[PDB]
Each structure stands twice: as C-alpha cells, then as structure tokens.
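Visitor: These are the residues of each chain, in order.
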Amino acid sequence: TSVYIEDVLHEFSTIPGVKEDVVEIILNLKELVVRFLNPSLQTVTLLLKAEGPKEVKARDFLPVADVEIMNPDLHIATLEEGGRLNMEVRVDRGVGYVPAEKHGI
Amino acid sequence: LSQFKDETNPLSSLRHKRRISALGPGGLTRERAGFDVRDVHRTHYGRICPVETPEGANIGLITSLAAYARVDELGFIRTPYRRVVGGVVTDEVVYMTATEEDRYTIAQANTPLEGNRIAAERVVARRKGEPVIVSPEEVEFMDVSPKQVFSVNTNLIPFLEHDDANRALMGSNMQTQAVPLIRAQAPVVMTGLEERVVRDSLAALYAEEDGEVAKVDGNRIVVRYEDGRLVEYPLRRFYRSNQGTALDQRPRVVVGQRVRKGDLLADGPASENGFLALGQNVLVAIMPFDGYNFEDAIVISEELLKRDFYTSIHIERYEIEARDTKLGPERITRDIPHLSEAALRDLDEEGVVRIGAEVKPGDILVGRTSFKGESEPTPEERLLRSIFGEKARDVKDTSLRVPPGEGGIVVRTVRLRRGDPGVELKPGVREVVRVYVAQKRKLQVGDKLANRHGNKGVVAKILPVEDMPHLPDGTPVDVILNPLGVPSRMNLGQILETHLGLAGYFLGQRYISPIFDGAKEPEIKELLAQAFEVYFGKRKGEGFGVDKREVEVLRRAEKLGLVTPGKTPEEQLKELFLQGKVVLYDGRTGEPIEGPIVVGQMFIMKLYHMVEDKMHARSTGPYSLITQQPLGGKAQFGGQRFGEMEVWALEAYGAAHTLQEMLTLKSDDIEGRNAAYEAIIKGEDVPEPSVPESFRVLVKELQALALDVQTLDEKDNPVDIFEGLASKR
Amino acid sequence: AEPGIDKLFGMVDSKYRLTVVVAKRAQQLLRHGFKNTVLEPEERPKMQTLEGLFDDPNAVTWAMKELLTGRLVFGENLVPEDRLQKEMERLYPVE
Amino acid sequence: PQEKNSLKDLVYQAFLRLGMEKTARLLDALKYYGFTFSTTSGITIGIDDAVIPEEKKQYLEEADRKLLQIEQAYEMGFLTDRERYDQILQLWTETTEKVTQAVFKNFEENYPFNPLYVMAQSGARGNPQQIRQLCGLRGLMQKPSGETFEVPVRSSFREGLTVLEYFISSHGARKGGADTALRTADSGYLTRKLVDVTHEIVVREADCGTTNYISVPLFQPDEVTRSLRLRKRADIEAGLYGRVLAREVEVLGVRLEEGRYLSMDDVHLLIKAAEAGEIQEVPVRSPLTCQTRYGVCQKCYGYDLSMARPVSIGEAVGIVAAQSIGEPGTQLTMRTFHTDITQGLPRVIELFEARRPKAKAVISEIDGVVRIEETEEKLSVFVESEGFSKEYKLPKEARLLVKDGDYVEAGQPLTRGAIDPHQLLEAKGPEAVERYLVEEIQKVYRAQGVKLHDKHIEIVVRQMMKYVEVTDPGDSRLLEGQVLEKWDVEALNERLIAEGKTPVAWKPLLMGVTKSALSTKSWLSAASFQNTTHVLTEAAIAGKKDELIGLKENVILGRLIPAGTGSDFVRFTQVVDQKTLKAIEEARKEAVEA
Amino acid sequence: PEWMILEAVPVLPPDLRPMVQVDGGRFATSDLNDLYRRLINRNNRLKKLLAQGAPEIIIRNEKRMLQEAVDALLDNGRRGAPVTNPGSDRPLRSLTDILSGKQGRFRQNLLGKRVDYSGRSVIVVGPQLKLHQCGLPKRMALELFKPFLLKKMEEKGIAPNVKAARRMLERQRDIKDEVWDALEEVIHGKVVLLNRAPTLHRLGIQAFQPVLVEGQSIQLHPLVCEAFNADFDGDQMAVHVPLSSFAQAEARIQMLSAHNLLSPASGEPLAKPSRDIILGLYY
Amino acid sequence: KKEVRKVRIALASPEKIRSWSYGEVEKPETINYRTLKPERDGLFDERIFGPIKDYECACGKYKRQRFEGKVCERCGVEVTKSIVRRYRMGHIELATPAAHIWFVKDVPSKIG
DNA sequence: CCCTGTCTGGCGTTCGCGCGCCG
RNA sequence: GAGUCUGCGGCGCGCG
DNA sequence: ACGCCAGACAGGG
Ligand SMILES: CNC(=O)[C@@H](C)[C@H]1C(=O)/C(=C(O)/C=C/C(C)=C/[C@@H](C)[C@H]2O[C@@]3(C)O[C@H](C=C[C@@]34CO4)[C@@H]2C)C(=O)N1[C@@H]1CC[C@H](O)[C@H](C)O1
Ligand SMILES: Nc1ncnc2c1ncn2[C@@H]1O[C@H](COP(=O)(O)CP(=O)(O)OP(=O)(O)O)[C@@H](O)[C@H]1O
Ligand SMILES: [Mg+2]
Ligand SMILES: [Mg+2]
Ligand SMILES: [Zn+2]
Ligand SMILES: [Zn+2]
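Protein chains in written order, with the numbering used here: chain A, 1 to 105; chain B, 106 to 834; chain C, 835 to 929; chain D, 930 to 1523; chain E, 1524 to 1806; chain F, 1807 to 1918.
Incorrect hints may appear among the rest.
[Unchecked claim] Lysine to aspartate or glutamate pairs mimicking EDC-like chemistry, simulated, CA-CA at most 16 Å apart: (1) B/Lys547 / E/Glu1737; (2) B/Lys630 / D/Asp977; (3) F/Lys1916 / E/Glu1525; (4) B/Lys664 / B/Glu638; (5) B/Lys465 / E/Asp1697; (6) D/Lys1473 / B/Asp818; (7) B/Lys833 / F/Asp1912; (8) D/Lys1474 / B/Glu828; (9) F/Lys1808 / B/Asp818; (10) C/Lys858 / B/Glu680; (11) B/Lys431 / B/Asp499; (12) F/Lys1887 / B/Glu828; (13) B/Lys664 / D/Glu1038; (14) B/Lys833 / F/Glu1884; (15) E/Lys1674 / B/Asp790; (16) B/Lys739 / E/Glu1737; (17) C/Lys880 / E/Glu1708; (18) D/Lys1289 / D/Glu1369.
Derived by calculation from the structure, the hints in this document are not laboratory data.
Can you build the whole structure from these sequences, using the hints too?
Guide: Written out as structure tokens, the structure is:
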C-alpha cells in the first residue's frame, strides 16, 4: 500500500549504487505476495535495509511474528557499492484494485 | 520551415527530422497551388514515400523520405538499385538519379533468384513508371529491397502488403504520435527494422568497443573496455521531452559483464531489449460487445490497469515570473495575503513548492504578490479593510495555480534569482520559476489507442476481468475490438497479425514478417498448428477433454461451414484453431459464444494526450480588449466558437432566444453578461439582450471609413445603439 | 423521451408556439411565486433526495405537466398585456 | 432476415402508427437486443472469414487469355492504338464486376452467416466494391493523369498485394485524398451560397390563395430514345410525399380531396393508379409557385417538419432546405465528381450557378421539326418550319440524335448531352427550366444513394428566379433588374386601385444562386459574401433602409430572429389559469361606476 | 455624391487598435496606426510644402503619396501593397480587409464566435444511455454550471455566500462531497447542447439530459452517432448551456434529440439501427 | 428602448464626419515611453476619445457615481467607464481632396 | 458609330480544436 | 461592498 | 494555381 525510501522524496527518483529506479522498485513491490494469519494484522509495515554489493531479495525483510512472505526470491534491487537502501513498505488487507491515488497513504 | 521538434516518442522525432516540406521560402511551392504537385509522381520511387503524407487541408505537401534514399551532390533523391549484367544479379549498388532511372529496365526484388541467376523467363520489371513483363536477358537493374519503395516510418508496418493506402497513411502517422510507456514491449510480430530504429535513432545506449562492466548505477554504467580504458556512461535519468514524454535510460547490463561491441548497455525511453517498443502486446478477442465498441469504440479489461500495462509519465513545465511593475515589484514568497495555511503546506520552501508534493488542480505551485490597482487605491475596499483590520497587505494574489485539468507530483523546480550565473533573463523579468510536474496516466476511458495498421478508437469501457470474454483456460482477453470497423476500411493486415500473434502466444516467440516478402498464410497456418498442441496438448495431459460448451459451438460451427462434418472434436477444434479462431465463453454467463471467435496478440499503442484531450469547460472568464468576445489561455479555459454553420442550425430550429443568447448574453453584450450572471446568482430570469459589441465595433469601423451607418425606427428615423456615448459633450 | 410530447404537439397550431407557451408559463411559475400552479394536490411533480420537487426544482417541467392537462389557456391575445401582471401579483403571495 | 431497410421501415411505420415517444422506446429496445445478440452470435473476422471465390481463378484466367487475343489482334495491325486500350479496359471493367456478384453468390449460397458478408448484407458495415478488394481482387487503378493502367491488380487483400501493385494504387488514393478534401470545402461553400439566397425564406402564412400549382410528373421520357416509363418509386416519392394537393383528384376509387397532405401511403396509391393508367401528373402546392413574396405557406411546403404532420408556421424552411442539400453533397459529391453514371459537385455548382456547361447541346429555339445536312466541314441541326429555321452550328465533335423528319419542341435536345438554362428558358419558358433544374439536380443525388425531398431543391431554385428584367416602364426606367413580386405590387395597384393601365412589361430572368445573393435588396446580407467593398458602395450612395426580414441580416444585429419564436405569429402568446381568467373578468365588472 | 471625395479622414478609436504592453517592455499596436501616421505625415508635410513655397513637381509628387496613403487605410492592395518596415512583408490590415472575408470583421459578427458557457472533450459511446440523455463529466459540469451551483450552495448549508462558495471550489482538494449533490440537483431537469465537428445539418446540434459521470470522456448515445457524423476514434464534441428559461424551453422542447427523429432532408428516419445493432438483429 | 428594425448605409457628409467626431487628431503622437500615457492631442488622447479612468475624472474634482452626468467645472470630463473612449470617432482634415478607393476601383467604377 | 470578341480585372475557395513560436 | 489586466496577426504541424 | 463573373476597349462593317 505504500513505501518509503529514506533519502528519496518522490516516486520518480533514482538511488545511487542501485541500478533500478524508485519506479521500477515500487513496481516490483506490487509483485510481493505476503500472507498474514489473523484479523489483528490489518496493516503491517515490513522493514528492510541492505548495503553494499548485495542483491536485495524479498527474504531480506526482517521477519514479523504473524506475517509470512511466500515470495522470497522476488528481486527488489541490485546494490553496487556504497549502495544504501533503507525502506519501509506498508502492507494491508483489502479487496479488488485501489489506485494509489484513491487511498493516498 | 524551422519548427518544434516533435519528440512524442523517438520515432516521431526521427520522422520529423527527415520529412520533406513543400511550403517554405515561398520561392519554391505555395499553399493553394498543388493538385499536380500533391499527386505522387512516377519518379517518387524510392525517393519519396507515397504514404507518409498528412490527413487534412495541408496534404501531399509534406512527406518524409524513403528507406535508402540519399541526397547526392545536388538535391536529387537517388535510390539504390543493384546491377545485373546479363541474367546475373550483383551485390553491387548504384544510387541512381531520378532521370537516369528512366533509361533502364529495372525489376522487383521478389524475382526468384538462385544467387546471381534470374530464375524465370517471364519476370516483372518496370521500364519507366510502366509495369512490364520482361525477360531475364533485359533485366539491366534490380531493386535493392521492397523497403526502398517506402519510408522508414512506414517500413515498420508488419504486413503492409495487405492494407489500403488510405488507412495505411493513418498508420505511419500514428507511430509518430506514440508516447513512451515506462513499460515498453516489442511487437509479438515485427517487420525487421524495430532494432535499426532505436539504433540509428539515439534511444538506447550501445557499447563502443568490447570490454567488461565495472559499475551499474541507476544513473551510470562505467564500462571497462579491454584496451585498458574505462568510460562512465551517464544515463538521462528523467528528462523532459518537448512533448512532455519521459526519456529514461534503464541499464540492462549487470555488474561485471563482458560486452560485445555494439550491445545495449541501457534501453532507450521505449525499448524493451534493443527493440523498438511502443504501446504493448495484448491478447485481443475480435468480437462485438454491447455497444461499448459501436463504430470505433474500444472495450478494455481492468486487468490491463492492475499490472501497469498502459501507463505513461507526463511532465509539464509550468512557469512563473516575478515581474517588475511601476506599482511595486512582484515578490515571490510563501505569503498568500488572504485566507489559509492549509493551502500553504506544500509550499514548504518559502515561496516555492516542496519536491515530491502531490499537487491537485487549484493548488499553489508558486506564490507571487503584485499591487492591487493601476495607480490609485480603492474608496470602497478602504472601509472594508479598516472595519476588520485596516492593516492589511495592499498586495494582490497573483500566484501560479494548478490550471483546471490535472497536476501530478512536483518532481523538479528551477529558480533564477538576481545574480544570474550565465543565464539570460528577459528585460523587466526580475526572476523566473520553473515547476516540473509529473503524473501517471493510467489508461482511462478518455484515452485513445490504435494499432499500426489504422484501427483507431477510444476506450469506452473498462470491464472488470470478472465478466469479459474468457478462453477455455482461465486466460481472459484484454481488449475487445469491433469487427465492423475492418470490412469498410481495408486492412486485413490487422487480422493477419492477430493470427500470427495467436501462435506466438502459446509458442512463446516473436516474429519478424517483412514488408512484401514476410510471412505467408500457409506458414502461419503451420505455426498455429504448433500452437494447437501447446494449447490443447497440455489440456489433454493436465487431465480433461472437451466441454458441452466446446461441443455445442462445434455444432453451430459445422452448420456454419468452418469445420468438415464427421471429424472428432479434437480434430475439429484444430481445424477451427488453424482458422485463427477459438471458442470463447461469455464470462458474464459462462455460456459459450455461439461460433468461433478469433483471438490473438495484437500490438496496440496509446496516443498522446494533448491539452485537447484534457477537456475545456468555461463558466465565466476573461474577454478580449478590442473585441468583447470571451477568451482564455492560462487558467480560464476560453469559450467555444459558435460559427455560422451552427448559427444556421439554430436558425433552422425555432430557437430564437437560444440564438439571441449566443450572440448577446453569452459573448458580446457587455451589460447583458454582467446582469445575466448576477441574475443567475439570485435565481432570476436573465435580462433582454443589449446590442453586441461586435456590432458597435462594426459600426465604428465602418465609420472609420467615410460611410455612415445609422440604425432606424418604425418610421425611417433614428434609434440608438450606442446607448449614450455618441451624443457630444 | 419526455411526457406526452405528442399530446402536447397536437394541442398547438404550430410546434414553435408550444415552446413559447411552456416557456412563458415556466416564467410566471417562478416570478409571481412558484405556487402559481393549477394541479398540486394528489399526483404532482417530484424529485427523490426526498420528495422535495414539490417546491422548486425545474419550472417548465411543471408547465408541461400543466399544459398536458386542460386547465391552462393560451391565446394570441387572451388577456390585456399590462393588467395581467397586475391581477397576478394581487392573488399570488410567496414573492 | 431483418435488414437495415426492413428495420428502417419498421421505425417509420412505428412512428406514424403508434406515436413518437413510443417509437423512441422501440428504438432503444432494438438497440439493446441487437447489441446483446451480436456479442453472443460470435461473428468475427478471421482472415479466413473473408472468403475468396473459387471462380476468381477462372474469370481471371478467362479474361487473362482474352487479353492475349486483343494483344495478338493489335500485333497484326487490326486494332488502332486506342481501340486496343478501350477494349482492354472494357474487359476488366466487366471481369471485375463478374468477380463481384461471384463473391456474394458464394456467401449467399454457402456462407449465409459470414461475419464480413453478414455485416455487408445487414445494413451494418461493408460495401460490395470493398468486399471485392478482400476476397475477389481490386483490379483497375488509374495512372496519375486519369488514363487507367493497362495492367490490373491481380491480387486481393487476403493475399499479398505485391510491391508494385501497391505503388500503382497509391496514385488513386492521393488523388482521392486530394479530391475528397476539395469536395468538402466546395460543398460547405455551396451551402453558404445555398443559405445566402434561401435564408429569408420562412413559413409565415395563411393558405396562400394563388392556386397555381406545380404538377408532379410520374413518368420519364428518354432513357431509351422514346419509351414512356414509370419513374422510380423513390424519385416519385421524393416529389409527392407529404405534399398538399392543389386540386381534388379522384383516381382508383377513393376521393383525394384538395389541400389534403398526402401520406407516404397515398403517394403509394397514386403510383398504383398510374400503373393502371389513370393519372400522368399531380396537382400539388409547391414552393415553385407560391405567392407569398418573402416566405412560403403551409399548404405549399407540405408535411415534413422534423415531425410527420403538416409544417408548423414559423419553421425556417429556407435553411432546413439549404441544409438537406449540403449534407448529402459532402457524401455523394465526392464520388459523383470522381466519375459512368454520375458527374457531381462541379455540376451541382454549374447548376445552382447558372452557366454554360462543358459539352453544350444546341437546343431548338423554334418548335417545328428537325432535319440534318451532309457537307464536309461542319454538320448542322435545324429546327424548321416552312417559314423559318433556327440554324444550329454543330462542329465535328458533337453527335446529334434528332433525325431527318419529326418534330422538336422549343428547348428540345438537338445535340447530345448537357443544356444551357438561359436558352431553354427563352425557348421553352420558365416553368420548364425550374422543372429541369430540379430533376437534373436529383439525378446526381439519386445516382449516389442520397434520397432528398424535391421540396428543398425547389425552395432554392425559386430564388434563382426571384428576379426579372423590365421592358415597359412606368415608375422607373426600362433596363433594370428587380424583384419579380415587387413588380406584381406595382402592376397590381397601377391597374386595380389607381387607374391608367401602365403595363409593367417584364422578362423572366434566370439568375444563379450566387448572383441572386450578390444582388438582393438588403445589403447587410450582400455585405457577407461577394464584395463587401461593392455591396456597401451602392447601398450607401442610395440611402438604403435595410428593412429587417430574413435571418442573415437580422442576426448581425443580434436581434431576435424574424422566424421561429421571433415568428411574428408566435412572438406574442399569453398563458392563463382559470383562476386568473375570472380575476380579470372581476376587473371588468368593477368598471360599472356607482 | 459630393461626399465621395475625402477632405476629412476619420480616425478609428485608440483602444480598438491596442497600444499594449507585451514583454520586457515590448509594445504592440494595431497596424492601422502605421497607416494613419502615413496619412497624417503626408497631409502635414503637404500643408508645410504649400506654405514654404510650392514648386509644382514636389507638390504633385506629394499629393500623389498622399492619395495612395488615403487608399492605404481604406483598402490596401487595390493598388500596390504597403508594408511594415523590414520584418514582415505583410499587408497592413486595411479597413477593407478588416471588413471582408473569412476571418474578417463582417464575419466575426455574423458567426459570433465565442460562447461563455461552453465546453469540449472527447466523446465515448454510452450504450445504456437513452436518446433522451447524454453522459457529461461532473468535473466539466462543475465549471459549466458554476453560477447555477454557487447559488444552490447557499440555499443549503455548504456555503454561507457566493464568494464563499467560490473560494470553496477554487481548489480541487476542498470540494465537499455535498457539492456534487448540489450540482446533481442543479441540473435536475436542465439540458445542454452538443456540437459535432463539421455542423452540416440542424441535427449537427442536439439537446440531451445530462447524467453526471466520472472522468474525462463525454458519453454520447449510439443512435445519434448517425446524426452527427461521429465515430469514436477520438472525435471531440463541444457542449453549450441554455441560460434563459426560454432558451432552455426551446432547447428541451424542439431541439432535444428524441424529438427530432426524422431528417429535414428526407422523410426517412435518422435514428435507424446502425452497424452494430443490425448485425445483432440479423443473425 | 426601441427595437432596431432597419439599418441603412449612407455616404458621409464632411459635416457628419465632424459630427460623429470628438476632438480632432492633429498629431502623430502615439504614446511617450517614460509614461505609457497618451502623448499629446495625438491618436490616443483621452479627450478626443475617452476617460483613461473608470468613473473618476482627470484631476479628481468629482470621483464617484452620485454626479455621474455632470462635467468638471475646471476640466471637461463626463464619465462612465472608458467605453466612451472606444465608441468615439475623430476626423482628419485632409489638405487637397482624395477619393475612396471603394468607389474608384470597383470593377464598375461608380464614379466612372 | 454599332455589334461582336478578346483579354482583363476583381473574389472566392468548410468548421472547429490542440500545441508552440514570434514582434 | 472584489475586479483589473492580459491572450493579436501570421506561420508550422496534428485530430475529427 | 484555377474558375467564374463582369467589364471595358478595339477591331471589322
Ligand atoms: C466548383 N469547383 C469544381 O468542382 C470544378 C468545377 C473545378 C474547380 O473549380 C476546381 C478547383 O477550384 C480546384 C482547386 C484546387 C486544386 C484547390 C486546392 C488549392 C485545394 O487543396 C487542398 C490542399 O486544400 C483545399 C481543399 C482540399 C485540398 C486537396 O486537399 C483547396 C481547396 C476544380 O478542380 N475543377 C476541375 C479541374 C480540373 C478540370 O479543369 C475540370 C473541368 O474542373
Ligand atoms: N477536412 C475535413 N473536413 C471536415 N470533416 C472532416 C474532414 N476530415 C475528416 N472529417 C470528418 O470526419 C470524417 C472522416 O472521414 P471518413 O470517416 O474517412 C469518411 P468515410 O467515407 O465515412 O470513411 P469510413 O466510412 O470508412 O469510416 C468525416 O465524416 C468528416 O465529417
Ligand atoms: Mg472518427
Ligand atoms: Mg467514417
Ligand atoms: Zn403557397
Ligand atoms: Zn476634473
């Protein structure tokens, strides 16, 4: 439902040391399929931070108690050197399709 | 002659670079002289495309050049022709002048050839603009390639051999209107120049010499060539095209990769993989829906929006300037004198809007304060200020606002203050302020899309994936095109692409069918045959056979004459599949659609959304200084023209007041429109028409000239149009 | 389409006259007060945010609804031009 | 099966039988089911769906070989360079038409439910010539100039239209592209010129009492030299539909009363009667013979308002007319200019604008008989009597069909082809010209699919003859061209009210729509098109008081329109409530003093 | 007739031929001025030439230039064409030009070309829509029926006054959902007109019942797609609004779509099933 | 308050030229840069044509609507807005006559 | 001096909308 | 108790 | 470039 890169301000920016652009990344996040186990989890914010010459996959997200990620190997990004990526990606339970413009989190 | 480069998309730019215009110095060709010039003359062969001309009053007058056409020494479009001495074809070429070409007997490239040997006694050749069946012994020269007969822009049409010249024109033109999508896919079926286009055009970034990759940033790919050298290759991250299309180079090479000379390091604004890509491949059922596709309407599946398939970034550069008035310089500050802080949030940086801020229509993009009157204060506004707070900022609110229509998010901002670096500030202009905004254009009902052949149309309804036509296997179609728009226009090429497209889907492969030499009906029947096993083969093994549905459509199909009666449904569906059509279920009912419906991968692009698309509706607004007719521009849309043609329409009808209204209350009656507004504000009945300014201005203009125009009464006596300003003193 | 436009068409000598009537009627419907109607009781004009059209939505929508009935009268010269506006103000209150 | 015509007709009927709005419901009903059934029908174009006929290969080959014979026939010296060409063209022109009915014959017999075919047969989409280019073959496409190529285009769109056959086809597309766009502005212009003269015409009346009607003809003279024939059902319907009988006519049994507006069903009766042979003409009020100087009445115009009942007074028929003529043009003026059957917009311009046509035909100024001579240089067709002959020089290029022997009435074709209005007027009179223009105008429109009511052409043509010359003065000197009715004014009061019969002898003048608009009474309307420079010069010199009548002029002022609600007939109409009718009577009762 | 001669040249008003501030200090004045100066200079220079001493050659030569000048403002081009100095070899728009032709002044009046309450967007079929109505964007409606809405806002609690109601809508993020209810109420029974690209016949314009919808596109009924020659490959139609109760009257009684089913050309209908419907009803 | 029923074009009498005329433009003085105000009597002077200001006058002796129809004792300024400026006409007294090209070059010379 | 013919001189040639540029 | 001033002529292109 | 109308002048009795 939402994402926050630490040094990024808008959706059309590019992060150094990171091949992909914020837009391509946010796109690949739509591809992320998470599975929570109970109503108590209405909105869960997944946190992830990786640095340097490493590939950022979806299993790199620090695990949360009642939530599970069935899309581990999904490719988030390719970090070069001095590649600093610290983001917070929101996740919610809903129905149908909701334009990013309709909710505006 | 020199104009704005049209860079909707790279191919557009490119085309606008080479098109030959007639109008110009004036010495050459004028505007209303042309029925002989506008025609496509014989010699236009390989020199000038006979298709690339515009639709409209200025037609046949402007045209892009051909494939290999090259201007030699003096402005003569010569065309490549290969030599053939005796019954022997050479790989030698001679760019020949328009004149010399008449001296020889040239033949077509489709001529059967074993290498250097002509293969058929009676083979086609064309003397001088005259079709002639010559012998292998007279063939003095042969054409290089069918492509040379046309332009680059046209060459890009899949099966151009099966489309009518008129709708083909619309084709080639539409491509020049293609807008770069963040997501760029190459056609499932190509012609052979998609690659060449992004290459000779400067879309993608190629590797100079062989080497390896060092760093792969989202901003730079520093490659290390094997010669001991390394170059940093910045990439135009997100730049503003003239026409507001995004131009970004997306790296396609991973870290540390030995690159071959001339391989894509990054993809241009619209390339997938070194291939020209605009709009995207999409599965399409070619059937009729309710009325959603009546004459030229298009039904889209909401599914295309789920996955950003038709999404385009649009950057607009609004700009504001701090002018120096003799009343007091117009300052740029966060202070918007009269009413709220809620409108000042996004204006975080004192005056300028904060980057990454969502700006909706009517929000302050930049703030500015000028002075209230022309030279004097206000006697009535003086008491108002004093009552609530005399101490009020005399400055007027003239702040760049988001014009009606749409704004997106603020991506970049530019401010040029007093001590200018190496900038050229116009006189009076104290300082300027640029505000780039971008927005995601999710394909909506208002947009228009069209395929390379000529099928144009607007989206009438975004259907939920829930009930649109679905294939035996859960795979649902994305767009549903109306069949009726294909017979009238003549372009079977679209129906041929769909079929080839069908095979490519289940066979998982793209193709490249040349201009006149491309794919043939048999060959496509072949691939389709290969597709039936991918489609129905897996179905056999996955565990299930044919439906009651699939069988009923077969009955109605054999009663039709699409399948030979007496063969097994397995064998019949194949025959039917080879026909390019399969069975489809309604999706809304689950029942089949009586009769096989073709389906396939058709390449469809989105056309550029001009400020003409983004609707213009006006209530009240500015007015012209000399004529008193309504006009807009910046933020007030500006009124629509009512033309004589339309006047007559009302004239026909008994719409007297409606017409009167149009000529008075709505446009020229200065006193009428004022009282009109006010009356409506109160819920009153508009006053009766005063004379229109156009009339008054007419009279005085006529008066500027000797002539005396005086209105008269029942008995020939005066009456006064100018209410009381013509009497003297 | 609209209510008995045919019926209405047949009630006049000329198409364009019906328009005049309906318009002038809708005019006086608002001006001298909107209750200047001849058929409000049992079945009358209605909108649905509530049944609130009884008071002031569309003027001529009523006019036609009236003319469709046989209560009103439209002549080339039925009642002296000035004395009508006078007698009308005297008998209809709302302002 | 329900075709666009069967349904067209159902609407029409529904309109007349049950009522307007009720019909509207019907429209939507069709609209909904036709849309739904369509989806389910699963009709879709498959490249295949375009079905090529098996006979295509035969007819092509049969015509192929025949081409050889013509070639061998020329390689010997038998056929002149020309004969060869005209002969080849003929071959394909027929062969192509053969493939045509062939393709359809295939669908008709083998594939009644073919997506493409079904769309073409149902009033949906598709044309016979178009289908031909997909399954059959688009065979002949002219060169740049106009001479059609000797080589046809053997391919279809189904199969690869080759490299060169495309280029050769481009010439025609560019020309079409250029011609089509030229027809568009030439059509709007014509509508500006059509409006420029008929704008003032508006229905404002009382049954005009001048019963001088127009007689609508049901039979036409020369298709084949001389054979009487029933005109087409369409053309005849165009002329008598919703008209008003100028006089009573008893035909097959029923009694067609006077003034009665004939319905389409009546117009059907008359034809059937004509079939039996009871009526050759039809008395009908027409704008061609109305008395109302500026404007036309209810009985002479007819039925057609947008509604099916008599025309409602105050309807801008002038424009209504002018429009019905300018729209079909844009559609048929493109083909008619393009071609044997029909010459178009250029002719429609030569028509509304009185002028001397391309191939002129010497008309017979005298009505006696025709005869012809033999001498070498120039032929000669003479209309003679034992008293005098009207010598008609017919150079080498003209062909004459009237023969040594019989009668030739005034203005009759003595040469073959087109005729000059001015001459026919002089020879056969005005009544004839009007009638000629009208039908000669419809010829073009009929031959291209458009079905416009004669009414409209009449309205305009009238204005073409709204003027006349003078040869016996009274108030103002002889050579002068003035408004015909304004002379009917002078003449009427100089003989009836004030004595001294000073006959104002005039001469009918035929003027082109353009000329009439150019030179009209008011100047305001003239200040619009021709020369604002001239128009005003004269209008000034002579203090001209533009009486405001007519919509053009009255529009510039921004004043209400003289027609419509501004229609003097309904500008004034008051509404009453029985409550206010008694209150007004109460005001009359208070008038009794003491 | 003694007036045909000019001894007094009328000058056109000051504002009409605009002396305006352009940019940075650039000034734009109507061409007529340049011609007027010509005349003024000539006449003056003549007077002085006669008063100084008058050598025959030079008095005529001037009166000549004078004569031509006088032609210039009246009509340019009838004899030679005056030009603004090296910049644009363009005919200074003389009085004659201003009055004649295509986009002249006699044509600006006649065709009256710019409506205050107008709109124009792309059209899109609206299959469920009835001939009676049309789909008009609410966003479009808002501006179109702004004044009509402002008042309606005050009749309810959405806004205190007009000016209040105005600022309330100046920004898009400020619109209370209550406003749409107001507008939806304002257009209750009013109707607007729709215009097609070339207005060829009276049906080139028709009146429909606006049914406010979301988005940019304007929903047009399919049956009327034949009246206006309009397909949906992107054709755009304009839209107007009848302001007086009279204008609305005529517009919904005689100009509405549904009431004009038959064509003025022929007694044939123009609401016949089209390309799609016939295909369905045939099969 | 009457209805305009007839319009009429008529030639111009030199006296009528002057009669529609307010003031006489006797000098080629457009507007002098320092002050974007009309220079002298020239083409844009406000007397000859009209109030450069709303309801206010020249010097400001009378400045609102109460006395809308009177002229300033020390300065001649009657006022409404500046529309009077766009409706007023001026005349140029030509030395030696010249003729209308409209009457002279029309195909039929109305004068010839 | 008359009538006839020939080059000659003036006007017109859809509508609306977008965008962008320029003194 | 709100209202001024700018956007013109032309050119190019593109849509229906 | 064209087409079209309307025109004013010059040549052959
Ligand atoms: C009334 N007119 C007619 O129909 C007939 C009579 C006559 C005529 O008057 C013609 C023309 O006036 C043609 C004008 C041209 C070529 C206009 C261009 C400038 C057009 O080009 C484009 C660029 O712009 C506009 C419109 C469309 C265009 C093509 O895209 C524009 C108008 C014409 O074609 N005729 C034929 C000729 C051959 C021969 O001599 C024959 C006897 O008569
Ligand atoms: N120059 C122009 N002037 C006026 N209208 C134009 C135009 N160009 C296009 N159009 C309008 O838009 C339409 C475009 O023409 P087309 O659709 O090609 C004609 P068509 O013969 O109907 O082809 P089609 O039936 O195969 O669709 C016309 O009906 C016309 O009204
Ligand atoms: Mg279209
Ligand atoms: Mg079309
Ligand atoms: Zn009559
Ligand atoms: Zn003063």
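Visitor: Hint by hint, note whether the structure agrees.
Guide: So, going through the hints one by one against the coordinates:
1. B/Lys547 / E/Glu1737: holds (15 Å)
2. B/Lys630 / D/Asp977: holds (11 Å)
3. F/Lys1916 / E/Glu1525: The hint holds at about 13 Å.
4. B/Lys664 / B/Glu638: violated (25 Å)
5. B/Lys465 / E/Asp1697: holds (10 Å)
6. D/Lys1473 / B/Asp818: Since the Cα atoms of D/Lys1473 and B/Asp818 sit roughly 14 Å apart, the hinted pair holds (cutoff 16 Å).
7. B/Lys833 / F/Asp1912: violated (35 Å)
8. D/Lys1474 / B/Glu828: Violated: D/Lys1474 and B/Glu828 sit about 21 Å apart, past 16 Å.
9. F/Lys1808 / B/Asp818: holds (8 Å)
10. C/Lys858 / B/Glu680: violated (71 Å)
11. B/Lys431 / B/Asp499: holds (15 Å)
12. F/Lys1887 / B/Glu828: Holds: F/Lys1887 and B/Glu828 sit about 13 Å apart, inside 16 Å.
13. B/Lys664 / D/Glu1038: Between B/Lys664 and D/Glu1038 the Cα gap is close to 13 Å, so the pair holds against 16 Å.
14. B/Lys833 / F/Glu1884: holds (10 Å)
15. E/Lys1674 / B/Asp790: holds (14 Å)
16. B/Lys739 / E/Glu1737: Violated. B/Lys739 to E/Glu1737 sits at ~24 Å, over the 16 Å cutoff.
17. C/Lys880 / E/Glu1708: Given pair C/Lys880, E/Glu1708 holds - Cα atoms ~12 Å apart, limit 16 Å.
18. D/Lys1289 / D/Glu1369: holds (15 Å)
Checked against the numbered hints above, the structure breaks hints 4, 7, 8, 10, 16 and satisfies the rest.
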